[PDB]
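Student: Read off the chains here:
2 protein chains.
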Amino acid sequence: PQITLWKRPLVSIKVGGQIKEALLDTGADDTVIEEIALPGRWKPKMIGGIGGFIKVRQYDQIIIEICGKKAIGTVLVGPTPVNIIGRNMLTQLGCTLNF
Amino acid sequence: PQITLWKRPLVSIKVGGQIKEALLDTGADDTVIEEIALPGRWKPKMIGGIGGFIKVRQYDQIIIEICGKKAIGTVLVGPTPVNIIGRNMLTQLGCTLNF
Ligand SMILES: Cc1c(O)cccc1C(=O)N[C@@H](CSc1ccccc1)[C@H](O)CN1C[C@H]2CCCC[C@H]2C[C@H]1C(=O)NC(C)(C)C
Numbered sequence: 001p002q003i004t005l006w007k008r009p010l011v012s013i014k015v016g017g018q019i020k021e022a023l024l025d026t027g028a029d030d031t032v033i034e035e036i037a038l039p040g041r042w043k044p045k046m047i048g049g050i051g052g053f054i055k056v057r058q059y060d061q062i063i064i065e066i067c068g069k070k071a072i073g074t075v076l077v078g079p080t081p082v083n084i085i086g087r088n089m090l091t092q093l094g095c096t097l098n099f
Numbered sequence: 001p002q003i004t005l006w007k008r009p010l011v012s013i014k015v016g017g018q019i020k021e022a023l024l025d026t027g028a029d030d031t032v033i034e035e036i037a038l039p040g041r042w043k044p045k046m047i048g049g050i051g052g053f054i055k056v057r058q059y060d061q062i063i064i065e066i067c068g069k070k071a072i073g074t075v076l077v078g079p080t081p082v083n084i085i086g087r088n089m090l091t092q093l094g095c096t097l098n099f
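First to last, the sequence lines map onto chains B and A.
Counting in the entry's author numbering, the first sequence runs from 1 upward without gaps.
Counting in the entry's author numbering, the second sequence runs from 1 upward without gaps.
Honestly, the hints are just simulated from the structure, not real lab data.
The C-beta atom is built at its ideal place from N, Cα and C for all residues, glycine as well.
Don't take each hint at face value.
[What the hints assert, rightly or not] Derived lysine-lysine pairs resembling DSSO-like cross-links, with alpha carbons at most 30 Å apart: (1) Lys-20(B) - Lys-43(B); (2) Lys-69(A) - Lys-7(B); (3) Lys-20(B) - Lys-7(A).
[Stated by the list, open to error] One-sided excerpt, in silico: chain A residues whose CB lies under 7 Å from chain B: (4) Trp-6; (5) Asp-25; (6) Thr-91; (7) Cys-95.
[Claimed, not checked] Ranges between beta-carbon positions, derived for each pair: (8) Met-46(A) - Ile-3(B): 25 to 31 Å; (9) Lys-7(B) - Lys-14(A): 23 to 29 Å; (10) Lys-55(A) - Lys-7(B): 24 to 30 Å; (11) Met-46(B) - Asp-29(A): 23 to 29 Å; (12) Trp-42(B) - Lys-14(A): 42 to 48 Å; (13) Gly-40(A) - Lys-7(B): 23 to 29 Å; (14) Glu-35(A) - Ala-37(B): 40 to 46 Å.
Start from the sequences, fold in the hints, and give me the full structure.
Tutor: So, in structure tokens, the structure goes:
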């Protein structure tokens, strides 16, 4: 489909067995989610937002349902205000910006 | 045009009589540019995100240009690591998200 930007592009997602609200974010390289339990070993990571950097746990090959679709990739977990679907996941969905 | 997200969706914009590079951000409610001279009076504003909050100057009635298309609205000026074109401007350009 086509999503307009008159309001925040919020969608429902399923990650780590839970349903959540997330933001389709072309301004994010990564997909980051509030504290949640994911399987496997993680790696440390720094991501720089508008107010500076923070540390998050990096899990790889994590499954996520988004827009009746599935994306399997890197998911960062940390103290984020909003759950974010970054470009690494958006590209798996075949998202493009059009204007 | 149609922009893919394999890499950051950076584009050239014409703002404040200046040509700058900025990121088309569907996750940003607002548009914020690094230090730049703009006409009119401003009001202080705090915007937050990953990493915390920063202080910015809010200018209204600012015109910007991206790929031959123009839009007018509010532009925030402050210490941002990357220039962000938010939804307040993306809508005016007829920018949508497709998949
Ligand atoms: C989450 C993330 C990554 O994993 C990797 C790179 C950047 C980001 C990141 O924070 N990107 C942001 C743009 S600010 C930005 C900073 C550096 C580079 C590019 C953009 C988000 O797209 C938008 N971001 C989405 C969201 C992040 C959690 C807090 C609530 C909003 C805040 C909003 C935001 O920051 N809005 C402003 C108006 C202050 C610009």
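Student: Now, for every hint given, state plainly whether the structure supports it.
Tutor: Structure-based check of all given hints:
1. Proximity of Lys-20(B) to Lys-43(B) is assessed by CA-CA distance (about 23 Å); at most 30 Å being required, the pair is judged to hold.
2. Between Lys-69(A) and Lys-7(B) the alpha-carbon distance is near 21 Å, which keeps this suggested pair within the 30 Å criterion.
3. With a CA separation close to 26 Å, the supplied pair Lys-20(B) and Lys-7(A) stays within the 30 Å bound.
4. Taking 7 Å as the C-beta contact cut-off toward chain B, the hint placing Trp-6(A) at the interface holds, the least distance being around 6 Å.
5. Proximity of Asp-25(A) to chain B holds as hinted, the smallest CB-CB distance being about 3 Å (cut-off 7 Å).
6. Because the beta carbon of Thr-91(A) sits about 5 Å from the nearest beta carbon in chain B, less than 7 Å, this interface hint is met.
7. Here the hint on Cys-95(A) is kept, as its CB sits about 4 Å from the closest CB of chain B, short of 7 Å.
8. At roughly 28 Å, the beta carbons of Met-46(A) and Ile-3(B) sit within the given window of 25 to 31 Å.
9. As the Cβ distance of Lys-7(B) to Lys-14(A) is approximately 27 Å, the hint placing it in 23 to 29 Å holds.
10. Hint check: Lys-55(A) to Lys-7(B), Cβ distance near 26 Å, so the stated range 24 to 30 Å holds.
11. The supplied range of 23 to 29 Å is met by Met-46(B) and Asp-29(A), whose beta-carbon atoms lie about 24 Å from each other.
12. Under the hint 42 to 48 Å, the C-beta atoms of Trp-42(B) and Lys-14(A), about 43 Å apart, fit the expected range.
13. For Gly-40(A) and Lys-7(B), the hinted distance range of 23 to 29 Å is satisfied, since their beta carbons lie about 27 Å from each other.
14. The supplied range of 40 to 46 Å is met by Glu-35(A) and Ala-37(B), whose beta-carbon atoms lie about 43 Å from each other.
No hint from the list above goes unmet by this structure.
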